[PDB]
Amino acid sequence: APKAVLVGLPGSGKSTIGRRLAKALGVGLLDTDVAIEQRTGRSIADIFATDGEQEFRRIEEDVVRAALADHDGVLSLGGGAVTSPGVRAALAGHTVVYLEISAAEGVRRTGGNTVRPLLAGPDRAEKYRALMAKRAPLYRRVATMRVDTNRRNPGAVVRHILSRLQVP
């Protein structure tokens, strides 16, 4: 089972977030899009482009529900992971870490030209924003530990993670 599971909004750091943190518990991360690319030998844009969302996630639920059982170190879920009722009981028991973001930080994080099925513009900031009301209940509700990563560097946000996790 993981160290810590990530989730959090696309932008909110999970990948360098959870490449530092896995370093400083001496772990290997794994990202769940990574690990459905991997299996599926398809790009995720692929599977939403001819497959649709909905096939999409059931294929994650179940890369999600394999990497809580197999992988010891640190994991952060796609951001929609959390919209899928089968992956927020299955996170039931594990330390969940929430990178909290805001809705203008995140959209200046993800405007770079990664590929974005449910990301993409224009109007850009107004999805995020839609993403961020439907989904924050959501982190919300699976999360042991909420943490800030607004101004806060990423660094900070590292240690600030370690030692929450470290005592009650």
Contents of the next structure:
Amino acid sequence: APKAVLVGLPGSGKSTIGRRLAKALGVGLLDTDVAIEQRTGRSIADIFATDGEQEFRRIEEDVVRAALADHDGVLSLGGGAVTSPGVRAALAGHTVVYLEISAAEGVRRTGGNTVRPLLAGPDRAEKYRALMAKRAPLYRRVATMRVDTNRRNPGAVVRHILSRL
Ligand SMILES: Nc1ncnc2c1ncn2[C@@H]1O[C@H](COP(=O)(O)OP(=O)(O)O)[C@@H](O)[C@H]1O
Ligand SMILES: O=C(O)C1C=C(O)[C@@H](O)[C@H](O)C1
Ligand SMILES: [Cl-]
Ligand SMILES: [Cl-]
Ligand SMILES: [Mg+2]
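Condition change, the form solved without adenosine-5'-diphosphate to the form deposited with adenosine-5'-diphosphate bound:
Every component of the complex follows; first up is the chain already shown.
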């Protein structure tokens, strides 16, 4: 079981806080997206391209179940994983840190468009708020710890999580 499972919208800091929290804890980081494309040689985006969310999520939920079981480090859940009820069920009892980010800051951190398909450019701010409106309640469902990453620099979010694990 992971030291901590990180959930949040794109830009909330999963990959970042994950890497830093993993390092701090001396443990490894496991990003389910990477765990997904590695295990498939075919990229997340391109995966969707060929088989769509219905399939992606099936693959994703299965890697998550796996990571939740065999990973003792820090696990960063790909943003939409929470939408799969089986991902939510798999999460129960685990240490789930919901990295909270406002839509304004969130739209801005992901400003570079470092992938994030559902977050395509044409009217991203609107897109991100809708996305936040939909995923937000779910992250709050599965979260055992909510961390506001809005003001806090990465180090402080990480120390905040450490201080609380
Ligand atoms: N607390 C933070 N303060 C400032 N920038 C952050 C913070 N958390 C993450 N970032 C930055 O925002 C960008 C998105 O972070 P990332 O970890 O890739 O998000 P996610 O994987 O959750 O989608 C990264 O450049 C990262 O450096
Ligand atoms: O918020 C989301 O649905 C997504 C979050 C990331 O994990 C991407 O890899 C997924 O493809 C999409
Ligand atoms: Cl299981
Ligand atoms: Cl994501
Ligand atoms: Mg990520």
